[PDB]
Amino acid sequence: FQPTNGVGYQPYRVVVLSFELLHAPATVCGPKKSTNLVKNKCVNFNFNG
Amino acid sequence: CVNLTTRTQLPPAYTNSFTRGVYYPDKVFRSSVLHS
Ligand SMILES: *[C@@H]1O[C@H](CO)[C@@H](O[C@@H]2O[C@H](CO)[C@@H](O)[C@H](O)[C@H]2NC(C)=O)[C@H](O)[C@H]1NC(C)=O
Numbered sequence: 497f498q499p500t501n502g503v504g505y506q507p508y509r510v511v512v513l514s515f516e517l518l519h520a521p522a523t524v525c526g527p528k529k530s531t532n533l534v535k536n537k538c539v540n541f542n543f544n545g
Numbered sequence: 015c016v017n018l019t020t021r022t023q024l025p026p027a028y029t030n031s032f033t034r035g036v037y038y039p040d041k042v043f044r045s046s047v048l049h050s
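As given, the protein sequences belong to chains A and B, one line each in that order. According to UniProt numbering, the first sequence is numbered sequentially starting from 497. According to UniProt numbering, the second sequence is numbered sequentially starting from 15.
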């Protein structure tokens, strides 16, 4: 790790984020603008995703 | 943990396992279905 190495030799920070669920309970979510529950009328649901 | 020294050999026996050992293969609820 020479201080003046070429960019092809300089430290990167390659980190991998892996994620693939099938039916496990959710524990991570994004912006999450989750609203209130609605009733027997036809509604577009997002629930768990 | 001390070395126990009162074992009596008696080589183990075998038992015919019956219809046991089935868990819930997946996490999805079902009803009145036969799933392979
Ligand atoms: C009796 O206890 C010793 C204590 O570890 C077990 O380990 C044996 O003796 C020394 C440990 O200082 C090792 O160098 C030997 O290789 C160990 N022997 C074996 C067969 O692993 C020892 O195993 C115990 N005796 C038993 C369980 O019969």
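Quick caveat, the hints were computed from the structure, so don't treat them as lab data. Any given hint could turn out to be false.
In silico SDA-like cross-links for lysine to any residue, where the CA-CA straight-line distance does not exceed 20 angstroms [stated by the list, open to error]:
1. B:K41 x A:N540
2. B:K41 x A:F515
3. A:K529 x A:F541
4. B:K41 x A:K535
5. B:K41 x A:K528
6. A:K535 x A:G545
7. A:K529 x A:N544
8. B:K41 x A:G545
9. B:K41 x A:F543
10. A:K529 x A:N540
11. B:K41 x A:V539
12. A:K528 x A:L517
13. A:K528 x A:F541
14. B:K41 x A:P527
15. A:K529 x A:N542
16. B:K41 x A:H519
17. A:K528 x A:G545
18. A:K528 x A:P507
19. B:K41 x A:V524
20. A:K529 x A:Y508
21. B:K41 x A:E516
22. A:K529 x A:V503
23. B:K41 x A:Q498
24. A:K528 x A:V539
25. A:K528 x A:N542
26. A:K529 x A:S514
27. A:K528 x A:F515
28. A:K528 x A:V503
29. B:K41 x A:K529
30. A:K528 x A:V512
Hints violated by the structure (listed by number, smallest first): The structure conflicts with hints 1, 4, 5, 11, 14, 18, 20, 22, 23, 26, 28, 29, 30, although it agrees with all the remaining ones.
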